[PDB]
Amino acid sequence: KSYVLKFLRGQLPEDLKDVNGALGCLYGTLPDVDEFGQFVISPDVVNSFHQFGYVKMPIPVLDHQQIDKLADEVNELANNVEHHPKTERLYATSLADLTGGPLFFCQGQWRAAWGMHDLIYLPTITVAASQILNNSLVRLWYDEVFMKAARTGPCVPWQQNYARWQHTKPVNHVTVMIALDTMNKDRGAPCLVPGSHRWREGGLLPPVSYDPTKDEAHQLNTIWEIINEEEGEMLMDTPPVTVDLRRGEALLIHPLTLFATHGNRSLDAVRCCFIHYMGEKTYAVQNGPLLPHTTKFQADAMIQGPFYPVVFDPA
Amino acid sequence: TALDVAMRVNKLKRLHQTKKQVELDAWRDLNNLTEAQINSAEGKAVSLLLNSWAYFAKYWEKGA
Amino acid sequence: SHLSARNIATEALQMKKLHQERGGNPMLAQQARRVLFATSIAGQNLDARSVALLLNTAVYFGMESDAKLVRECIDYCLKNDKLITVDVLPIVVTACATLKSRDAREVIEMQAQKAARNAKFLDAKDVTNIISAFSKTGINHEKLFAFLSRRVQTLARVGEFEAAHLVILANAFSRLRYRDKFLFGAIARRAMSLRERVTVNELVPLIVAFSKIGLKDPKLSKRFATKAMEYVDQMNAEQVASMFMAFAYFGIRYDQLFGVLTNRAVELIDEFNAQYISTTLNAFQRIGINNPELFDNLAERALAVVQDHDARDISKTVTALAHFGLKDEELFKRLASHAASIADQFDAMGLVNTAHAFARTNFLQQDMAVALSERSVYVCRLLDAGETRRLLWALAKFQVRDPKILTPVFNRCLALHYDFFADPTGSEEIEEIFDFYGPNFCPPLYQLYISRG
Amino acid sequence: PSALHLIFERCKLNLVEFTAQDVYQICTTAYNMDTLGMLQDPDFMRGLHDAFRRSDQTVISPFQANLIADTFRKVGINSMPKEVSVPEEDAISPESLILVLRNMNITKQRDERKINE
Amino acid sequence: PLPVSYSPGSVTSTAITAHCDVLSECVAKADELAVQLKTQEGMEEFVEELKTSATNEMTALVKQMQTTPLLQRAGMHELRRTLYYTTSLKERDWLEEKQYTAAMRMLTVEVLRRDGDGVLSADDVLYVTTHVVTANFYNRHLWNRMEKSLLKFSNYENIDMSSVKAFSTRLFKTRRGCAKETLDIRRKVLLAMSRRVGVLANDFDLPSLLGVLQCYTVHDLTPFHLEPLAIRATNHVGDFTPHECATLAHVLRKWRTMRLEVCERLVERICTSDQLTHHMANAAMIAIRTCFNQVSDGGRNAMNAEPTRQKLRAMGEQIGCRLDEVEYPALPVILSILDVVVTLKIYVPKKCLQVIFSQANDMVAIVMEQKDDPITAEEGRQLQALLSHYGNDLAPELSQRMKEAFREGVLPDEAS
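Chains as they are written, first to last, in full-length UniProt numbering: chain W, 35 to 349; chain L, 80 to 97, 104 to 149; chain X, 59 to 511; chain G, 21 to 137; chain V, 97 to 106, 114 to 141, 154 to 488, 500 to 542.
Next comes chain W alone, as it looks inside the complex:
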């Protein structure tokens, strides 16, 4: 180990993936090995997720005195006057053109900012994700955020998560979504079909078409293009339902579920976060990096490395 100068002995590495653990920010630190058994989720929630393809948590997982700090980090990550430091360590951001737009997103941001690094290891969601994945180990894949603009905030059409995850051999994932602010059907709350995860025996629906200028209603009524008569009858049986979220509520989804999110009609912005987990027994498909500037794997190599740290391990 080389000699570190006297006034540099407390700093941190450029990429926060190296600190094998959670910083002492936000919540104190990880609980002891025995103290991990209080975050468990009631089985009824598990059956509800199995049936409807999504489920909400009974209690919020964050407090306002932490959500305000997270929103401060999110606002800082969007500066177009002084670009946020550690920008080059992100997977991809909408500000790569130095102009941005009415939508702001960043992926793999836990490698760039404090606090949000500590969010990954929050027990109250990691243990729930472990329970959803049949009581096994969990692994972070990549985290991203969304911030809509003011009353001209665009929407996101219907989508299936696995449509972006062809590189994974099995369908063994889960997604946790955090609402950083109060959300509503007039502000950008999500709407998802309560049975789209049990269609075509797990098949993947054809990709949807969209136009970058039409109104939100037209982008919402393009679902009929994909479905057939059989799926149409279930659509009549199971109409789409929108869920409203307050500050700090969490929603668990399934990778095969159709989902979309309305636009922004309020007077300001709105923020939300998406975290995607794996279980064990997960292998790549092709030879190459799953994400830009990540570790390369073999055609049938198990997925593991520094960029995909373990979070929670039962027993």
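These are computed hints drawn from the structure, not numbers from a lab. For each residue, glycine too, the CB sits at the ideal point set by N, CA and C. Please note that a few of the clues may not be correct.
[As the list claims (entries may be wrong)] Computed list of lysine to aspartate or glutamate pairs in DMTMM-like fashion (alpha-carbon distance at most 20 Å, straight line):
#, chain 1, residue 1, chain 2, residue 2
1, V, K213, W, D131
2, V, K303, X, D368
3, V, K303, X, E200
4, X, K277, X, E220
5, L, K147, L, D83
6, X, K172, G, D70
7, X, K140, X, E122
8, W, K248, W, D220
9, V, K263, X, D442
10, L, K129, G, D110
11, V, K466, V, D519
12, G, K94, G, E132
13, V, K263, W, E69
14, W, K120, W, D106
15, V, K205, V, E128
16, V, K263, X, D405
17, W, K40, X, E200
18, X, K172, V, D335
19, W, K120, V, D230
20, V, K263, X, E164
21, V, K141, V, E163
22, G, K128, X, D133
[Said to hold, decoys possible] Each pair of labels, with its calculated beta carbon distance range:
#, chain 1, residue 1, chain 2, residue 2, range
23, L, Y144, W, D106, 26 to 36 Å
24, V, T423, G, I135, 47 to 57 Å
25, X, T68, V, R290, 35 to 45 Å
Since the structure of chain W is already known, use the hints to place chains L, X, G and V on it.
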């Protein structure tokens, strides 16, 4: 609309400030509001209703 | 419990001091990070001292230019430059060294232009702290350093400084590349007139700095050599390695001192770690002196402590072993295997030097080959002409022939082709590269090679 | 109550058009009496804070703005009033510069450049 | 058949070259109209026409680069020329802010991409940084990477003779009002390529030496590697005008080169002027004083101290007898000249004293009579004392004038 009922309740509250069973009056107006008025009301009316609501609730028999 | 911002500032300063110079407890660092992540200064109203201390301690613990506390402090230091007296100038100047934003640059320049106006009206403690803090950042204000140089020269004629002042002044002046002979002469004069009050723990760093500055003088160098003789039995491994490094920098073959230091160091082989081994071998390579018996012991000890090597240690040890001819098969296999896992930590110098030293030694592992070859694309923009040529020769001996790896290297070689083709030390080194690749690879580079020059 | 719930929800979701005088009035009535829960609903105060921050502050005296910041800071959310710019050519007078200095001194934020100007 | 994206920085081109030719013709015609000036309404319509043809051309160019991929296929020289014009058309304000910001964003994105590709040469970094910081456009990553890439001095040993002159002239003439946070970067540009100037020191033209020395001095930088240049100035001093010689005096003093013999040879050129100007007089006086401080009585050459001091006083008198011909811009100049005269014991003719004191009186009238704008109370103290030493007859009115001015307290203290 909401501005007119807000002004009338404000006048009644002010006259109360300067009273027996009078609190029943200007309380029917608070029970008068429908949603469609609220979804288009300005903030001035809302602030007036909130102030009148608090001032009335200082002496209401039960509830708020 | 909750307390005013001034108490927080005081406890933060003590926490920084304990972490810096009394053992690196990780718990203290974590607790300080927790306390400082959730504290703001806007509501209260404090003088410049507490705000500057908060900014300094926060920056020390790894807070970049994005957090709330750093911005809150920086706006204040922007709007109240007159409240920044000579007392708080060095604290803020040190605090803004790592930050490289717009406001940090403007604050640093404000302090720099203020400093070279109160040059005549300083004293010992302020001069010392100011010059060290300015040395920390990397400023290039020549007039400011000249103004402080005259003040130190005058203040040295009345004999106030202690050993620590001399050490700090020598280190700070050396690190800034200020080759003023008279200043260091006065420093040496004040040092040699302090009898029995320069302990070895304060003597050695002064010699290190005087070697690092690079002024050409054999007289005071011989005085240094003779003065260091009496303490040869008193140092430990680190000071011995530092003395080797400093006297290698001096560049004068003081054979007597080298011999006695060798007989001292051979006793302290057990206490040597990887860092001292690398430092000693690098110093011996730089000076150009062969000492076999010591080399075998150092090589065996490094074999025993392979796991502890860093990127710098490998880049030094492998280069020294390649240069000196002493080869150990098992040690080199272990070093290559270890560097396979640490392939990401190499900087511009280390990757090229390790690859070239491995290539010339004919010890070509394949895991190390792929691990080091893949990394070349990331760093290729930073290298120089000769380093790129050496890396290309090492890659040609590595036999990779993969366009994904090779494409940026040739672009950079074309970028510095004037220096690339004007290096006599390696005129034969391009022959093997161009033999291995052939004309069918890079028509422009081949056309330039065939051309006269 | 029912309409009170709807008004609260409309305030929290941030669709109401609030001007600085309205937020000052609501802050006063919450500060002095707070018979109904205002300082005990964090989302309501968050929405009010956002409305205050986005709204133009140029239509209020410094003391009321200081009161707004003070009542915001009590519930646990930081808040600082926006700073003022020096008046332009025609708006210059002995009365406006004293206003600038007075606002500088009242809100406990000082600046040397504006003082020099 | 490996792909390579290198192109020379000084050859193939795209339509960006044609657009840049159009813009060059436009600015050349603007300077041609300026030449026609050196009527006004006659050229004004053509000036408006040139502005319109610049604005429409900029709009077409930015739309072309935005809509279709042309940046990635563009060569290096087109990028350099486009950056130059995007700045120069804004300093000579012709462009609207939004267009300029968008064009700068696009150019910086492409430059960062090229740096990632590594095809950037040593000369291109100098050109880009010198023509970016002067226009004062802040992009954090570009600035940080250019700062880091200027620390490898060995790469900058082969810069062309015209390139150093162009960069130095560009970085010099914009110094008077530079923003603070750009100063430091400036110095690095002047230090990464100093060694080439040091080795080229034998090829620069005569006024270019003075220009380079001034450009290095204004950035508070006096590196030792450039010391030979000043030496050359001491050898070829017989070609400069008295103004340039006076500037060279201060430059030499700032370079520690100022010795007795060089000033002794220097004073003659200042003497040869038909009419003196205050810069020359001040430079001569300060140089004479410093060289009087140069000679040492308590030293190893105590045999010729006074024979040298008498000579120095001799020239001092020879320049003092002609001091009545010069206008004095401000009181501090008068104070400096009088301080040198008094502390050096140089006789001056009474006519020059009369002119100096009359000018000082006329200048000091304004501040006192207008009750505000400045003169410090100390300055008035020394001026009154100087006249009292030299006599009241120099200005029998300024005596009571300064006395009354001090009585009213119209001159505040320096630390007030």
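A quick look at each hint next to the structure:
1. For the suggested pair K213/V and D131/W, the alpha carbons sit about 15 Å apart, so the restraint of at most 20 Å is met.
2. The hinted pair formed by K303/V and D368/X fails the criterion: a straight-line CA distance of about 32 Å is larger than 20 Å.
3. Under the criterion of a C-alpha separation no larger than 20 Å, the hint pairing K303/V with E200/X is consistent with the structure, at around 12 Å.
4. This hinted pair does not check out: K277/X and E220/X have alpha carbons roughly 24 Å apart, beyond 20 Å.
5. Among the hinted pairs, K147/L with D83/L is inconsistent with the structure: their alpha-carbon atoms are about 27 Å apart, more than 20 Å.
6. A threshold of 20 Å between alpha carbons decides the hint, and for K172/X with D70/G the separation of about 41 Å lies outside it, so the pair is violated.
7. For the hint linking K140/X to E122/X, the alpha-carbon distance of about 25 Å lies beyond 20 Å, and the restraint is violated.
8. Between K248/W and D220/W the CA atoms are separated by roughly 18 Å; this keeps the pair inside 20 Å, and the hint holds.
9. Annotation: proposed proximity of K263/V to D442/X holds, straight-line Cα distance about 13 Å (limit 20 Å).
10. For the suggested pair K129/L and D110/G, the alpha carbons sit about 33 Å apart, so the restraint of at most 20 Å is broken.
11. Only pairs whose Cα atoms come within 20 Å are accepted, and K466/V paired with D519/V is accepted, the gap being roughly 12 Å.
12. With a C-alpha separation of about 29 Å, the suggested pair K94/G and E132/G falls outside the 20 Å cut-off, and the hint is violated.
13. Among the hinted pairs, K263/V with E69/W is inconsistent with the structure: their alpha-carbon atoms are about 48 Å apart, more than 20 Å.
14. A distance of roughly 16 Å separates the Cα atoms of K120/W and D106/W; the hinted pair therefore holds under the 20 Å criterion.
15. A distance of roughly 17 Å separates the Cα atoms of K205/V and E128/V; the hinted pair therefore holds under the 20 Å criterion.
16. Of the supplied pair hints, the one linking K263/V and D405/X holds, its CA atoms being roughly 14 Å apart against a limit of 20 Å.
17. Taken as a hint, the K40/W and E200/X pair is broken in the structure, with Cα atoms around 25 Å apart against an allowance of 20 Å.
18. Distance check on the hinted pair: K172/X and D335/V sit about 14 Å apart at the alpha-carbon level, within 20 Å; holds.
19. The straight-line distance between the Cα atoms of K120/W and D230/V is roughly 18 Å, inside the 20 Å bound, and the hint therefore holds.
20. For the hint pairing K263/V with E164/X, the CA-to-CA distance comes to about 18 Å; that is within 20 Å, so the pair holds.
21. For the hint pairing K141/V with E163/V, the CA-to-CA distance comes to about 19 Å; that is within 20 Å, so the pair holds.
22. Taking the CA atoms of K128/G and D133/X, the gap is near 14 Å; set against the 20 Å cutoff, the hint holds.
23. Evaluation of the 26 to 36 Å hint for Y144/L and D106/W yields a failure: the beta carbon distance comes to about 42 Å.
24. At roughly 54 Å, the beta-carbon separation of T423/V and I135/G lies within the given 47 to 57 Å, and the hint holds.
25. Distance hint check: the CB atoms of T68/X and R290/V are about 44 Å apart, consistent with the given range 35 to 45 Å.
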